[PDB]
Structure formats: structure tokens, C-alpha cells
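Below sits a lone chain in C-alpha cells, taken as the form deposited without ligand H8N.
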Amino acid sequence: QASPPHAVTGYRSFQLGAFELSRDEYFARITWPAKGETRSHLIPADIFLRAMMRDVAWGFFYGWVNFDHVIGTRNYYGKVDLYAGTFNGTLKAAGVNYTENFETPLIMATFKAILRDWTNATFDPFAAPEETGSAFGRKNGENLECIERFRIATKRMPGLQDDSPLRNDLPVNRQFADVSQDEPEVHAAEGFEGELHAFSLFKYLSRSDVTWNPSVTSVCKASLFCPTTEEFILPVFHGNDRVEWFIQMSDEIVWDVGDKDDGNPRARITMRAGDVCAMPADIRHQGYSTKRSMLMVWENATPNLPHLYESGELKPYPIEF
């Protein structure tokens, strides 16, 4: 449900159930019904677009993704709740909030459509501020290679035969320009050509042209190594309901961690190179990163986990000691 381009601004507006989604030179606007009358909320284009980009790029995963303290999605599996104010203490207390459930490909397609439309040539929602231009003003082009970015899923490990590429066709990021580009030496014995596999992971991450977007690099059954390059701020504040393990590989990241309900800060965690950290399941997080830093995320891709912290079996935090 996309309107024609509006006359002044040039951005279409969108329908998504009882949600209408709009944008001007400064704000993304979301509109919705409750106790009678029309409700609204504004979000700076640059924030909204970055938050929506992550949501789409993460396939919605499973868990809460918060745009601000009013807007966010619940990422149910094949369904996705989009709430406005629901997980906001005073707003439902007011009864002015609104949730609506959706089939994931619908919301996915729509967000992808909004992202195509509201993101100009000058902006890059995958980028850090110093990397891209502004998200402000009337419609002005599309940014093609945000659009033109194929994702190829790792099945065993990058570099391999029937699986995702390395990135030797990607420029080294400014802020990793001091990271060695040398590749491991492989000396296959005679009659074993191509049987041994190794690559430079730090080289691989040095050429990451996105920020805050874990990509799988090693599959050991369910055990996933999904590293990413982190700069500025996590565009959302999110939290899956599985236990994940963070491992800092370079530079540092400050993590804000709070109770997935009200928001109660529970911890402020600062990871420096080499730090290992469990992010429990009953908390949502958001991180800060001055220098572009290399972060290993360690996920467990078994399918019954996020309906298992629910059951009494499994606690939010991984280890008693």
C-alpha cells in the first residue's frame, strides 16, 4: 500500500495494517488509531532509517527490536508484531498504544520499500555518520549499492567451494587501514590440493562495508560465528531471548544493558580487545563504539531455544558459579 510521491517532499507514504508511515525533510512519522482518535509519533529520518535497516537485514530474527521508546517490532518467527507505545509504561497505562501482528514477508517487503524510497543517494543506513552524508531534505535519488548488496549465506566457512565469498573485491575501510591484508599460508600435501581451508578473518572484517550487522563466518552445527564491524551507535536497542556470547577482537565497545521491560539499567559493560561476555536473555542491549571495532558474536542456531527460556529448564544467564 504505497501512495504516490507526495507533491512537496517527494516521498511516498505507506499503509501497513492500521499503521500509516510518512516522512518529511526531518522526521519519519508513524500514525495509528486508539481510544477513538488518531495517534502520532515522530522520529528523525537518520535514526528511523538506520533502525529499519537493521531490522530488515536481520530478517527480523526473533526478539524485541526497539526503534525508540515508543516504536519497535516483536519478531515472532513467521509473524512480526509492530507496536506503537505498547512496551511503554505510561502509554498503555493511558491506553493510547497500538499493536498489530503481520506475516514477516509483508512487513519485510514494505520496510524494504520504505527503505528504497526514503533513503537518498547521499545517505547509507548501513553506514556510520562519518561514512555517509545526510538523511535530510526532500527526495533525491536512491542509493543504489545499499539496494544492490547481495547477501550470500555461509554454509560451512567463507572462501569455500559452494559457499559465500571472501572480500578481496572490497576496499579496506578507512578505520581498519592499519589491519594487515596478508592471507594465511596453506601448504597442501601432494594429492591433497584444495583439501585445506583458511583465510584472514581480520582482513575479511577490515573490508566490511557495513556496521552492526553480524555475518556468519564459521558453522559448527548450530554453533555460529557471526562477526561484524561496529561503529558509532547500535541503531536500535534490541535483545533476542537467547543467550549470546560477545567476544571483542579489537578496540572497545561500551554496552548499555537493561531489563527488557521497563528499562532498568542493570549493567554498563565495557569490553576491550580480548574480553568475553555472555549477554543473558532477560535483558536488551545497545552499544557504543568510537573507533570501528571488530566484534565476534557467538550465536546458537538451534531452533527450539527461544521457546526454551520460557520453560523452566533454562535460565536467562548461561552459567552458575
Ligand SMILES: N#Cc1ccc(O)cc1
Contents of the next structure:
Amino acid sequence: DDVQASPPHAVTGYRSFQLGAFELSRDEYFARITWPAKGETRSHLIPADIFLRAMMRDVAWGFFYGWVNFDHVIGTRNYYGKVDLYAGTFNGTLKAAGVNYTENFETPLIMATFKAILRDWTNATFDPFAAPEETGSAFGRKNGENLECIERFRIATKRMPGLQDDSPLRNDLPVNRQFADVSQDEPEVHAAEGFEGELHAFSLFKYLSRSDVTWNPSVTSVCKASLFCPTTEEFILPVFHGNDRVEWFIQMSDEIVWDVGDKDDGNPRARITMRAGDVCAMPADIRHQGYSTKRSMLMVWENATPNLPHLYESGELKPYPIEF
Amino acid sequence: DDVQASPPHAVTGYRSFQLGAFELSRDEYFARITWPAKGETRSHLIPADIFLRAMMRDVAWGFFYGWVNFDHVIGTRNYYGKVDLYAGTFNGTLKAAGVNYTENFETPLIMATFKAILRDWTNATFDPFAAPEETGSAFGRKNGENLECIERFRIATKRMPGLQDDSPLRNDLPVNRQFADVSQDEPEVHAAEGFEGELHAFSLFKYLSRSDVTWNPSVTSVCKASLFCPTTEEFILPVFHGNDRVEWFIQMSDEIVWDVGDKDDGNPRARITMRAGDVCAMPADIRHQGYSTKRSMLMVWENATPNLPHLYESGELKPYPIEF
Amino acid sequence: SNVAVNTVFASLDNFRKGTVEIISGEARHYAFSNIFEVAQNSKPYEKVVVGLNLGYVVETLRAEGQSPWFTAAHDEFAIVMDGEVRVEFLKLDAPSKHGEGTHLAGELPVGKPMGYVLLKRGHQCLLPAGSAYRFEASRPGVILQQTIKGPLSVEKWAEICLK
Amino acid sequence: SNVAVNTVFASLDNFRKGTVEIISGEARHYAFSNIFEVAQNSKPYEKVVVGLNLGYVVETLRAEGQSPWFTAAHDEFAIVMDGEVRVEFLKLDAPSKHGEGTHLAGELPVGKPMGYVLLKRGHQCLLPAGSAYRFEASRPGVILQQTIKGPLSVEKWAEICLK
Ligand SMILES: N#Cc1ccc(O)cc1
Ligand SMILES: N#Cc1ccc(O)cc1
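For comparison with the form deposited without ligand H8N, produce the structure of the form deposited with ligand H8N bound.
What follows is the whole complex; the chain from before opens it.
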């Protein structure tokens, strides 16, 4: 859809953007969001690096599921064809004071606007998909582009990586510095005569060790609706996520810490430390955010069944998966 | 006092510290604080850069006035001889949940511990007093020290800078890049013979223009207990200050935006944008944090009369200074 | 000074279960287990469900010795999380065409041999639909299997998850 | 593209007041004002209070022409925020020994001249206790004075603050 964008700003070098009643602009340090509420224009600042990492995830994930929060004021709720953009709406205090605003959007329009924002606000010196130790600053005046980091083209996984008609392995990528000790050996495949290329196996740890992005579940095996979506996590999950289905985490290397709270209240429910080999169900009625000091291998196990929202709303699926 | 420190960690290179029931440690990305509440150990991660900047202020200001909040969990409260260290106690939700804890310390013991933490946790690469654009990373493993930055010292103002035996001027300091356009002209002092050095005047703007730290109110004129404490602000005030008395801000250059919240809740109350020449009272019952895109010049006006807090605590004085 | 990189992997011989710290509610809700503890306390090749989502399963297998021949009507996948497994593949003459979940293929499956794969830790292979496959393990290891709840899947949540 | 640095200062001829957005509460309690707007709407050297803290005050004065002679029992301070102001000093033979706040020193103050100081924008001078002093401005200017509430201090909060 048609993006509403201004001329580059005379001082900062950046364009402001309009999306329905929202105004998005950035300066040398902050993204700034404005919106109407009770007759006045309301504003909110978010540090530009925090903002960009968050929007980068929202764009790469296609708005994910449930509530993707940039911070405790700004967020989106994917409605699977339409996406709500909200400010303070899911914030007890702002909501009670009636200074919040929400507006609904056809996915392609908000997506186009968002891609355009990343393009414009991401300088050549900053990669929104990387951990801080891996990249430069998002701060300062407009200064080049980083298309290569924000437009990562990916062949979708049909079955498994490495298959001929499928998503490629990563032998042409450097091992990340925090996985430099991980074996790079491939499994041995021994095809019986007349069966060359009928058997398939690759090194998942090697494949992960060569991941060039953080907090990005990517499909590595497909069993009907069941998807294995491993990802390498460093620093902090760039958003806090409000769930709308049960999620499963299997921690494969190192450790991650999850703050788990009330989707609406924000009230603490649990603090989960996941170590190598741990398996955890994240319930459909919480929100959470992860912390991973060392780049670690996390398996996110997804379920791509279309009527999930119906199942949870109906009561066919409880907020937590297992009674025992 | 006698700090309780561990040996350096075999991997991170950092020491950990014990202050009463509080344990304070850091790794490559996060400072970690644990404490007892509701029959168990509770924990909280804060990015090492954010933590160090806040700790730096609390130590330079000798714990300041009232509440100094590192973030929405950890903070200290000055009793002017004794200091509380807390986790969650001034967060309405955490307190409601009963996971908060407060412990009381003699000022010398906590100050010695905080100074040791600052010294142990600040790498040669990181200036906890500067803006993010003025310094490097606080992340990674132990790597040198930055005594020159964490152990700044300048003479306390007695009456006014530039006077005999008083606090110095800054003619020996470079003009900060973001004040490069500020006049360096002094005022003309024409003394009448027999009266040399009896008249005193300097360029406050020149003075601030050469300030080598951010968010650090510093006395430039003393009128009984009335103190003028200007400072140069960039990025975000590294803490949320909770008032124990009334203060006033006078914006002298550019702009700063203040989030104003409840002192005891942390709950939003107002958003104040202060432009050049603006004058604002910050009531004794709020907390606040500022945002300044360009390094700006701010006058912070304090009343240093002793025992003021009791008058506010008791209700004898209203939280706001003036009825009209 | 220390510049070493240590990617911590666990094993049957050496693992440390994480922790669920409850502030409010019940640890039950998080179905929290650890695949190494699980394999450590299970029979060889018992397919222990450690994740269940609308009938899709993640199973943990203790690889020790030689498994039964397995088969399914749809694709499955195996990740070797510890040890070293050899996987033998037969292309069945008469593959299961309908149904879900791994099934016993029988003592002597009828079909051409396709070959085998040698999986070490961190390695993944496809278990193609309409094939029979068998696991070989000289030393105790751990296999993660992605599949669908079937006749062989064992549920024992109260035994394996925090409560 | 742009690498210029423009430190924004305001003046009588050019000023833009900020804003108080309320979520819960009253703008009133912030006593929010702008010194340049206050000087623009005030008599010459009318000591307008823009800050009050339990007896201590910050006064805004519109510098235009010559002020009366002022004096006080305790130190005071002036900062020039707009224009040029020349401050004359007089070491009185009989300084005020008691009381607070700036008082009128009279038409013909008795004492030895001490000299003068020239204050442009951003300059600050000491107004030493027991001296008398006065301001001279060819061009309209603005002075901030740090002192104590006295007989000259003018309060007009409902006029200068956001309601
Ligand atoms: N929820 C959620 C989530 C998203 C990305 C990721 O890498 C891990 C967890
Ligand atoms: N209150 C308060 C405060 C503390 C430091 C600073 O730079 C500005 C305001």
C-alpha cells in the first residue's frame, strides 16, 4: 500500500511517517510516536536502537501472533489479515487515564510503512538484527542505508534444509564468534547403491553456529503443522511478547532467562531459567521476555494450524497444555 | 568501610559483592541483583550500561535526595546518614506481589561497596558519566579500569566559581562538541582602583559548554540554603528521581521532555516539555526522568535546608510549592 | 584475560536442570522437564512425550543398543542430542499410506535397503514417510523425535515435569 | 548531510513556551511559566517571582533603562538570559545588617564606588551582601535573580502560569 512519508528533515536527515492517526518520527537519539487522545496529541519516546530492533522483529515475523510490545506503551496485535497498532492501550495506567489510542490496519499497509521506516531510520552503521556487541550505533543523523541487514531474503523451508529443492545449508557463512568452539562436522550419509540423495542429514548445531541474526525463529524441519524453528539468542528479546497460544521452548545450548507475567495485569507469575536440555511450555495467558547473556541455541516449536485462535477462545484448548 | 567482595570470576573477570542480603554481580551484558522475599531468593537483570550510569550518579551525588531509582525495580533512598537499598519496594505491582525487599545501611558501608562495584565493573572503554555517543561499550569481560572517569573530583562551591579559594572555572577544559557554537566570551569586569578582585562575574554558558559529564547538577551559586545547580543533559537521565522536597527546573538551552510519575507507584502522571526559558516546579510527591536529544543546558534549583522532608512526610507542607 | 568461548551442551552423564521460580500460580502449568533427566530414567527407545501441541509431539528417546524397526505414513525427524546413533533405512514395498504417528514396522520389514546415516550430537536427519528406520547405539545417547502422537508414544507428565 | 550545531537560546523577540500534558492531576501544581514571556509582559525591573521555595525565590526582571539602587543583607546573584546589562556596585558605609530580600538602597546611596561589570547573555555576577547595585540596559533584556522573598518581590502566578 501507499506509504505516507515526509521529505528528509533539514537537520536530522530522517523522514517522519504517517499511519492513520499515528505520527512516527526519529531524531538523533529517539523514535517518537504521536497519537490523538482526549483532544490532545500524545507523545512517547523510545531510544532508536531499541525501537529499530523491535520493529525489525515485527516486520521479519509478519507481526507474529498475539501482542508484540516495543515497550510498555507501544505495540501491535496481529489479527491475521488486520493488525492493531496501539499506544498505551494495554497499559493499565494509561488505559485507566484514557490517554491510549488504538487503530486497525490492513496488514500490507502497516507492513509497507514499517519496511519504509526501517529503510529510512537504519544507518549503514547499525544492524537491527544483531546483538549490541556485534554492531555499531543507531544514534546520530541519517547516514547511509543498511539494506543488506534489513532485507534478508530467505528461501522458505518446505521440508528440511539441505534438500535439493529446499532452503540451503550455511556452508558459505562464517561461524559466529560466540559459537567458535562448536564442532563443524557434518553427519555421514551412506547411500546404498541406487539410492544416492535419497537420505538426508545435516548438522543443526553447525547450521545454528552460522546464524547471522538473533531472536529469529527459522524453520528447520516440517512435520505437517508441526514446525521446528530454532534460533540463536543473544542479549535481550527485542520485544516483550503477549501470548495467544501455548508455545514450546527446548533450550539446546547454554541458558536463557524468562520473565513471565500476566498478559493484562503485568503481575509477576514466574522467573524461568532454561538450561541445556530444558523443555518448557509458555502458556497462552502470559507475556514474557528473554535474557541470554551468551549467544545460545534455542528451539522454538511452533504449530501452524489455522484455527488455533478459535480453539483457545472456544475453550477447546486451555491456557496451559497439560493437566497432571 | 570493609566491602565484601569475591575473587574475580574465572570467566567474566568480574568480582561479585555482598551488601547485607543483597548480592550484586555482573556478566558480559547484565548486572544481576538478588535478594530475599516471600521465602525465596529473587533476582533481577539490568543491562550493565544502564546499571553503571545509574550507580555512577548515586555515588557522585552521595545518594542525592530522596529516591534514586536505577530502574523500575532497584533503587536507594537517602536518610542523610543512613541509606535504604531496595528491590521492588517502590513498584506497586511487585510490592502487591510481596516479592519486594528493603534493607537499611550506614552510608559509609554502602558508599564503599558502590565505589568498589563501579571501579570493578567499569572497563577502560566505558565512561558512565558521558552520553552514549561520547563513549564505548560497557559490555564484554573485565578489561582494565577507568579511574579517571569514575573518580572525577572538583572543589565544592562555597559561594561561586571563580572566587578566591572557591571552586574553579573551566578554562582548562575543551568545549563539548554539541556546544561548539556557544560564545566563549567572558563578561567585562571594570573594577575601580582600590577594589580589584572585589567584583566577580563569569560566563555560566561558557562554563556549562565545557562540562565533561551529563546529568550532574553542580553548584554555581550559594544563597543561604538556596542552591543553583546547573548541568548539561544528553540522552536520558540515568535514573528516575523520586523527590523528598520541591525542586524547580529552569531550561536554559534547547529542550528536555520529562516523564512525571507517582513517587511511590511509579505510575505516569504528566509529560512536560520544557523549552528555552521554561520554569517548572517538580512537586515532592512525584518521580521523573528526562529526555534531551541535544546536549542541553539545565538549571536545577535546590533548597538545601535540613529537615525539609519531615515537613513533607507529615503533611505540614503540600507537595506543590504554590497555590494560585 | 579469559577469551575462551564455551558453548555449554549437556549430556546424559552431565546435565543441570533449569528452574521454574514461581511468584504466583503453579509450576504444573509450564510442563517443565529436561530431555537428559528424561532419557536417564527411561527404557531404551521408549518414546517419551515431552511436548504435546494439538496432537503433535516432541518425543525423547534413550538410545541404547538397537531399536525396533519404526515407520510412519508421514515425515518424521530426529535430532541427536547426545551420543552417536546409526540410523538404518529401508524403502518399504508397501508403505503405510494413511494414519499418523510412528508405528512398529515389524521384525522383518519387506523392502529395499537405502543405506544408513551416522548421527553425532547436534545432527539432524529426515525420517522419510513410507520408509522403515532403525536406531543403532553403542553408547547411551539421547534422540529428540519430532512426530505425531501415536500407539508408541508414552505420556508420563507427573513423572517428568515440575509440580 | 547536516553537521551544523545549533544550541537554541530564547529571547524576548523570540521564545516558544513548552507544554504540560496531563495524564492524572492538575497543570496548576507545576507553576509552569516562561521567563521571556514574563519579561515581555512586565514593568521594567519589576522583580517578578517565577520560582518560590519556602521563602527562597527566583525573580525574573525585564531589564529596560536604569533600575533603582538595590541592596540586601545577604548575597544575591544575577544571570543575564537576554541582552546586555551593566551592573554598578557601591560599597555602602552602613550596610543592612539584618533582614532578608533585596531592599531599595535609596536615591543617593552613601559609599565608595567599586566599579562596574558588563553582563551579556549567559553571564553571571555576584551581587555581594552589603553592597548596593543597579542595572543599566540600552536594549530590552532579561535578568534572573537568585535571592530571598522581600518587599520588592512581586507575585502574579495566575497571570504567568498554566492553569
Ligand atoms: N515469544 C517468543 C520468541 C520470539 C523469538 C524468539 O527467538 C524466542 C521467543
Ligand atoms: N531531580 C532531579 C535531577 C537530577 C539530575 C539531573 O541532571 C536533572 C534533574
